Amino acid sequence: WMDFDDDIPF
Amino acid sequence: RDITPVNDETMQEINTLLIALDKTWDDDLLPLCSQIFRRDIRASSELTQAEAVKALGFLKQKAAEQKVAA
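Residue numbers (UniProt numbering), protein chains in the order written: chain R, 166 to 175; chain V, 192 to 261.
Hints were generated in silico from the structure; no laboratory data involved.
Idealized CB from N, CA, C, for every residue including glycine.
Check the hints yourself; a few may be wrong.
[Unchecked claim] Ranges between beta-carbon positions, derived for each pair: (1) R:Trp166 with V:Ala261: 29 to 37 Å; (2) R:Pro174 with V:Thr195: 27 to 35 Å; (3) R:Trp166 with V:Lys258: 28 to 36 Å; (4) V:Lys251 with R:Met167: 16 to 24 Å; (5) R:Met167 with V:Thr239: 25 to 33 Å; (6) V:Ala261 with R:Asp168: 16 to 24 Å; (7) R:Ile173 with V:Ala234: 16 to 24 Å; (8) R:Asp168 with V:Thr201: 14 to 22 Å; (9) V:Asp199 with R:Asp172: 26 to 34 Å; (10) V:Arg230 with R:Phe175: 13 to 21 Å; (11) V:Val259 with R:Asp170: 18 to 26 Å; (12) V:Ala260 with R:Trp166: 24 to 32 Å.
[Claimed, not checked] With a straight-line Cα cutoff of 16 Å, these simulated EDC-like cross-link-like pairs (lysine to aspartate or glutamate) come out: (13) V:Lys258 with R:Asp170; (14) V:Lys253 with R:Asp171; (15) V:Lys251 with R:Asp172; (16) V:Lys258 with R:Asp168; (17) V:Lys245 with V:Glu204; (18) V:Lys245 with R:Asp172; (19) V:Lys258 with R:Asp171.
Using the sequences plus the hints, can you model the full thing?
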């Protein structure tokens with residue numbers, strides 16, 4: 166799972 | 192899990208950062224929270240406090256990393 170600890174673009 | 196709803200102080204901090212980032216609940220954060228928490232979240236008030244604290248951490252990372260391009 167993608168989660169908020171991961172380096173997601175925003 | 193603690194399902195205590197997000198409090199007003201945490202909400203205000205989140206909102207401050209969304210405004211600073213030129214991002215919105217409707218376009219940006221609610222879709223992302225829905226994907227991350229794998230549930231249908233249709234309003235900011237529907238987050239749990241535990242969820243909101245994770246989202247707030249993420250937004251602080253974004254706001255601290257780099258300047259917001261014009």
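The hints, checked one at a time:
For the pair R:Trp166 and V:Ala261, the beta carbons lie near 34 Å from each other, so the given range of 29 to 37 Å is met. Between R:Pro174 and V:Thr195 the beta carbon distance is about 30 Å. The supplied range of 27 to 35 Å therefore holds. R:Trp166 and V:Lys258 have their C-beta atoms about 30 Å apart, which keeps the hinted 28 to 36 Å range intact. Restraint check, V:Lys251 to R:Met167: a C-beta distance of roughly 18 Å satisfies the suggested window 16 to 24 Å.
Remark: the range hint 25 to 33 Å for R:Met167 to V:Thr239 is contradicted by a beta-carbon distance near 18 Å. About 30 Å separates the C-beta atoms of V:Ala261 and R:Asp168, a value inconsistent with the hinted range of 16 to 24 Å. Distance hint check: the CB atoms of R:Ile173 and V:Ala234 are about 21 Å apart, consistent with the given range 16 to 24 Å. Taking the beta carbon of each, R:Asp168 and V:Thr201 are about 18 Å apart, inside 14 to 22 Å as hinted.
Against the hinted window of 26 to 34 Å, the Cβ-Cβ separation of V:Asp199 and R:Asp172 comes to about 29 Å, which satisfies the hint. Between V:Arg230 and R:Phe175 the C-beta distance comes to about 19 Å, which sits within the given range of 13 to 21 Å. One distance hint, 18 to 26 Å for the beta-carbon pair V:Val259 and R:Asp170, holds here, with the actual separation near 22 Å. The hint said 24 to 32 Å for the Cβ distance between V:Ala260 and R:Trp166, and at roughly 29 Å that hint holds.
For the hint linking V:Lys258 to R:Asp170, the alpha-carbon distance of about 21 Å lies beyond 16 Å, and the restraint is violated. Restraint check for V:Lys253 and R:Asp171: the C-alpha separation of about 12 Å stays at or below 16 Å, so the hint holds. A C-alpha spacing of about 13 Å is found between V:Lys251 and R:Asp172, which places the hinted pair at or below 16 Å, so the restraint holds. With a C-alpha separation of about 23 Å, the suggested pairing of V:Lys258 with R:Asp168 is violated against the 16 Å cut-off.
A hinted pair counts as satisfied when its Cα atoms are at most 16 Å apart, and V:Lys245 with V:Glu204 qualifies at roughly 12 Å. For a cut-off of 16 Å, the pair hint linking V:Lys245 to R:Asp172 stands: about 13 Å separates their Cα positions. Using a Cα cut-off of 16 Å, the hinted pair V:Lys258 and R:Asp171 is violated, with the two alpha carbons roughly 20 Å apart.
Of the numbered hints listed earlier, those contradicted by the structure are 5, 6, 13, 16 and 19.
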